[PDB]
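Encoded as structure tokens, the following chain is the form solved without this ligand, with no partner shown.
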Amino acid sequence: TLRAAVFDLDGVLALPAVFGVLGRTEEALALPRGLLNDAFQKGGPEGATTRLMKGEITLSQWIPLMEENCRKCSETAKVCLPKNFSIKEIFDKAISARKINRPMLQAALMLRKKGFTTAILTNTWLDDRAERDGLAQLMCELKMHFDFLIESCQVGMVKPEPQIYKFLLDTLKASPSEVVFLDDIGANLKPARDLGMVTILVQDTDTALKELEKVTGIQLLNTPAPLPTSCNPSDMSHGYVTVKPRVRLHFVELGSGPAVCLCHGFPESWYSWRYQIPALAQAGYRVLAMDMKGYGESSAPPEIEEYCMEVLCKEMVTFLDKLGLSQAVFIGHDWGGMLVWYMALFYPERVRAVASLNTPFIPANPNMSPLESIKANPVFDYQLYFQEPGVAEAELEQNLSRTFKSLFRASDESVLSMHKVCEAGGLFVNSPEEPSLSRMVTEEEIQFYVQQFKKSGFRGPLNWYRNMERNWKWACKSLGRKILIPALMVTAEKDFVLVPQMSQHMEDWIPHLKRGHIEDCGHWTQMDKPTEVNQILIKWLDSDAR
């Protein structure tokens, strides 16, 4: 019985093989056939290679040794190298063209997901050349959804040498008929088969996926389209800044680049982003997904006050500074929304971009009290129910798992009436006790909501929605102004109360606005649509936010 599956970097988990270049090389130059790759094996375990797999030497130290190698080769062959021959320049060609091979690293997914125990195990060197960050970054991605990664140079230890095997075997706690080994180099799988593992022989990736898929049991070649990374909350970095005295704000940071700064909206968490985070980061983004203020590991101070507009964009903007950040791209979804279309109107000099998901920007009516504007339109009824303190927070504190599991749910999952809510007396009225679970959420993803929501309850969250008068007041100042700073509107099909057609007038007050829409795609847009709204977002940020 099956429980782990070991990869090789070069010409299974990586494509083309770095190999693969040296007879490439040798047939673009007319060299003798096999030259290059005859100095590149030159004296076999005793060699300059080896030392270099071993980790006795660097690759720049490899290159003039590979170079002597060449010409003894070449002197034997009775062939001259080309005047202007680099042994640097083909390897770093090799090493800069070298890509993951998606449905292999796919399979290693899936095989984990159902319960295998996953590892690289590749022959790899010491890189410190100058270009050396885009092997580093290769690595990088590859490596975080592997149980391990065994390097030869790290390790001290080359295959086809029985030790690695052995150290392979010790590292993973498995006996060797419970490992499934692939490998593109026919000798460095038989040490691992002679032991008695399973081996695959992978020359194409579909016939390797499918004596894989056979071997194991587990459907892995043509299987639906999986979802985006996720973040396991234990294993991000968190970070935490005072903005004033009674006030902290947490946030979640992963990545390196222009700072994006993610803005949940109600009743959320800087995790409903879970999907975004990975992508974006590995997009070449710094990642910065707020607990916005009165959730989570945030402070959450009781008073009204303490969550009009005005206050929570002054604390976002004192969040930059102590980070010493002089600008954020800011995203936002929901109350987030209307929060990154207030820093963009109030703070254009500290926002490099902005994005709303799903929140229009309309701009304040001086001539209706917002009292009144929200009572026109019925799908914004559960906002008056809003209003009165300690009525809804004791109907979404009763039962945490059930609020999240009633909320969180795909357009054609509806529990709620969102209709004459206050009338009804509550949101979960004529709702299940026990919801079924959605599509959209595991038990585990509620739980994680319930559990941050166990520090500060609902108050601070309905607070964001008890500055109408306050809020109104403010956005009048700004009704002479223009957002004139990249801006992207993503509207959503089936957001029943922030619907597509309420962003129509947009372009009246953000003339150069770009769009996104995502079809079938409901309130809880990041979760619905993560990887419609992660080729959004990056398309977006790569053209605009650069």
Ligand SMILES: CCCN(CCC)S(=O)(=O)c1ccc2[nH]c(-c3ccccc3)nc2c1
Contents of the next structure:
Number of protein chains: 2
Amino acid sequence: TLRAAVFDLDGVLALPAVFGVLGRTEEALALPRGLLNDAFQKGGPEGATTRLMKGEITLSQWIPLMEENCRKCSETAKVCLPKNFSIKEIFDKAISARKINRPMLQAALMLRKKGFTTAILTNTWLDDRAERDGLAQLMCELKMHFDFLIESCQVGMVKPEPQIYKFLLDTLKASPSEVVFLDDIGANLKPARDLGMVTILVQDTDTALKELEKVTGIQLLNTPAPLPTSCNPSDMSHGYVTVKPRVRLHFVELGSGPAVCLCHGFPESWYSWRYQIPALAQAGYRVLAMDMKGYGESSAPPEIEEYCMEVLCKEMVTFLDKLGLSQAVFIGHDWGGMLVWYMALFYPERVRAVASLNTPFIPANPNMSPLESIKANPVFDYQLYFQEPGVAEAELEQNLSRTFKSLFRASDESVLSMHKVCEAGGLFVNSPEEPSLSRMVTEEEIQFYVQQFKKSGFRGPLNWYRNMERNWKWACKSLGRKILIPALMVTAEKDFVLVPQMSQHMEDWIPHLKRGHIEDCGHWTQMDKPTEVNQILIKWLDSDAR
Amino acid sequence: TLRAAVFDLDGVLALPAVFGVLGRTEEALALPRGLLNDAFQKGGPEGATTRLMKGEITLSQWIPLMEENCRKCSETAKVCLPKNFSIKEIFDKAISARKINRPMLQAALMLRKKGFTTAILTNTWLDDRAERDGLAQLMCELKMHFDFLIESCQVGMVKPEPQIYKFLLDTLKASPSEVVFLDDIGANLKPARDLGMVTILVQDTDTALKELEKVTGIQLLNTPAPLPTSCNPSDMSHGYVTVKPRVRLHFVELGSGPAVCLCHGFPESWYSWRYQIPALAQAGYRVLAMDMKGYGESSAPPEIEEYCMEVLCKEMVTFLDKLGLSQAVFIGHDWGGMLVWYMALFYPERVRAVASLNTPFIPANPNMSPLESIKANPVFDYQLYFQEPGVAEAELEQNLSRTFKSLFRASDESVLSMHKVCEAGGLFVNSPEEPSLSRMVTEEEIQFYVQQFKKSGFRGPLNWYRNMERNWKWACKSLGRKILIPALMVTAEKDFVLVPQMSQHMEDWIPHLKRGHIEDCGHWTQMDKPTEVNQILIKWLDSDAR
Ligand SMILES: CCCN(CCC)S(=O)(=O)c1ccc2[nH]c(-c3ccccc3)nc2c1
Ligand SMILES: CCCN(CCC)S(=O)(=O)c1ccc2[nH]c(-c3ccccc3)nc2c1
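Switching conditions: you have the form solved without this ligand, so give me the form solved in complex with this ligand.
Let's see the whole complex now, leading with the same chain.
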């Protein structure tokens, strides 16, 4: 019974293959068929390419050797190489043209998710070309999805030498009959077959996947659309900044490029951005996903005023200063969405662009207290419940698993009513003791939140609702301003607290506002519709945030 | 007696001033003298500029108001504004031209170092122009050197209103007679004078500094060249990556731009890069200063093999992968210099550029064991002392303060002999028990190292010398390679272990090698000659690392 799947890079996980471009170059230059491919393989195990694949020489040291082989080959064929024939040029664009074979990676990912140990086995070189980064970026994206990456230039062995196959079985901790091996080269497939491995000769991906699905018994073809890549907490880089004595801010960091600060809502974690962090980093951004003040590994002082918008904003400015960042794109959801609008209002020079998910920007009414206007809308009764220090903490901290299982639900899964929470005497009053596990979350994801909330509980998180009057007074000072920096508002159709209609007057204050909208999406936008969230944010970042 | 110094931004800390460009624009366009300045101040406390300075409106909302004031002014003067008169354009280049007044910041820094509480008090706006980053970068660089930054648009008060002066005294916790106030505008100086503050009317910086030096009694003019900005450990962002189970890597991070990985030597810390971290970040790089394996807050497994070059290099590759970094510039010193050459030799696709301080690149002799070649040079006897597990740890860990005080010394300060350490039976045998404090380090800097080394001691650090044979065998596989990626070698004249002559044959293997050289510099390059190290690295990074 198969338990490991081994994939080649060139012609299997990466398309098009180099020897396919070697053939396309022969045709384009009207050279004899196989001339360039014969030059490439010249001297077999004793030649220039074998030395390169074993790591004896780098790619640059190899170029003039491939040049001489092409001259010597063209001399025997009694042909002429063109005026400006260049191996450096041919190989540069061949490497550059090569992209990930998306259906093949998806099947590799399906196999791994279903218990298989996966590996990439490749005949590759030490790339020291000035353009090496393109390949380095390609390898980084592929390697993260596999248990092993075996490169010929790193092990000093090559395919089809039987030693690399014996090396592969040892790293896999599997006997041959337990391994599926996918290769585009028949000669490199033969030693795996000889040992007793299941082998697939890759030509077109569809035929190879049909063969792979039949042999594994796992459906790889015609599968439902997969969720975006998520985060494993212990595989992330964890950052920590002291913004003031006894107040420390925790963040997860991934990627290079413009700084993208992600600000979660109530009662969440940096982990709420799990499906955005890899996608946004892959899109060419340096993601800094916050544990907001009061949450996770960040400091949770007990005083209410410590959570007023003026203090939180000033602290995010200090966070930027301490990391040596003149600007960041601020993307917020829920309470994070609110903070993000205030960062744009009060510190526009530190805000590259601003994006909110569900949270609209509504100017303060100077002729009315916010505490008396909360009462005007029946949906916001839970806000009044959240007011008295102690009450909601006791209910929310009682059974942590029940809290997140009850809250983290889709549009068609509600167990709790948003209205008359005060009259009922709680948020979980006519709610089950053991709520069913929502479709959006696994048991593992709920437990990550459970463990996070054991450190400081709900006092710090609840204090964000406890600065209404203080927040109002500060917001009133911004009444003559306009948001003129690039801004995005993302509405969610089925969010019944942060309703899309609440965002309708936004253009009066943000005239150049760009919009996004998600249908059949509840309040927990990021985990409800991660593929949609990623498309909207990436499209907006590349057009408006550089 | 003065204890606080308050500085204005425009015309004091930042040159040239805006109203100087307003006058230069009048001349260039042949407009009546003061026309643009009269337009700017139109309506005094009830006008457009006062609203902008108080933060009622943003800069962009202000542009069309300044436009109307210019039209109305030009109408009364009975003149015509040019065909393509634009306030946006005038202000854009005025803000852009404005740089830090370096002698003024240096004096502000001298004052702070000598006990003064320093502050910037400025009449400024909320900048929401598409070009706002230039100013945001200017403010970031200045603000870090002061105890306070008071901005009119943030406090809702302006100079010359006496409330801002009363606000300044409160934040300073000082009475007027304790404060020096430097301003280029006489009108904004008058309320500080009225309260009883020492005031300096800034015109030319030299005259103002002569006045400031006379009144404080502190020498600010004709001072010796200051050391570059250093790091306060608790003001840094601290990053943490798990590279494998039970092996975690700690780093300090500052700045945005290309990733610059700094690799310290034996027996050091990320803190050895203290004078490079701010300079390199200011130069437009994202600095990642490592605590190498075995050191500080990074993991120190006890096994020798865990510190072999193959393992350390593989772990730095994992460090890059986990942070989502396809490449980094690798800058190493001492043992870090060695690692850095091996990263370029084994993973050139992950190495943007490579730089070594003191450590040359010498290829492995395949016809000789390194353990028998260490004996060929008398300087490397301490290496033989470092071999037996336990011996050197006991001596180095005995008195931590004595260890760093004895080791961290300049060329003209040696207390320990590099030769016959085995015969003497130790590194500190004929060395003082209470060594004098070297010129390169303060008591505080030595104690940071003392506290760092209390966690794991010297086992992990010493194990880097305990993989000679293992390292040799791995290095032998690279014997046919060449370093063809951008590379820098920095030699130090008075380093008597890593002598500049040891680097002479390097071009045979690194043909495009760029060089650096530091005269009257010992082994501890970074702290011995920080200004020189910074100049060499920044010049090389901007030409070769982008
Ligand atoms: C009274 C107006 C309501 N909000 C203003 C929206 C412009 S609010 O600032 O009080 C606010 C903001 C974020 C919120 N998030 C939630 C929330 C409630 C239950 C579960 C999760 C989030 N309630 C919120 C209220
Ligand atoms: C035998 C050759 C010596 N070195 C090779 C230089 C190409 S080494 O790799 O053993 C080496 C490397 C870094 C070192 N650093 C020190 C050192 C000694 C005392 C104090 C601080 C550093 N000794 C070192 C030896």
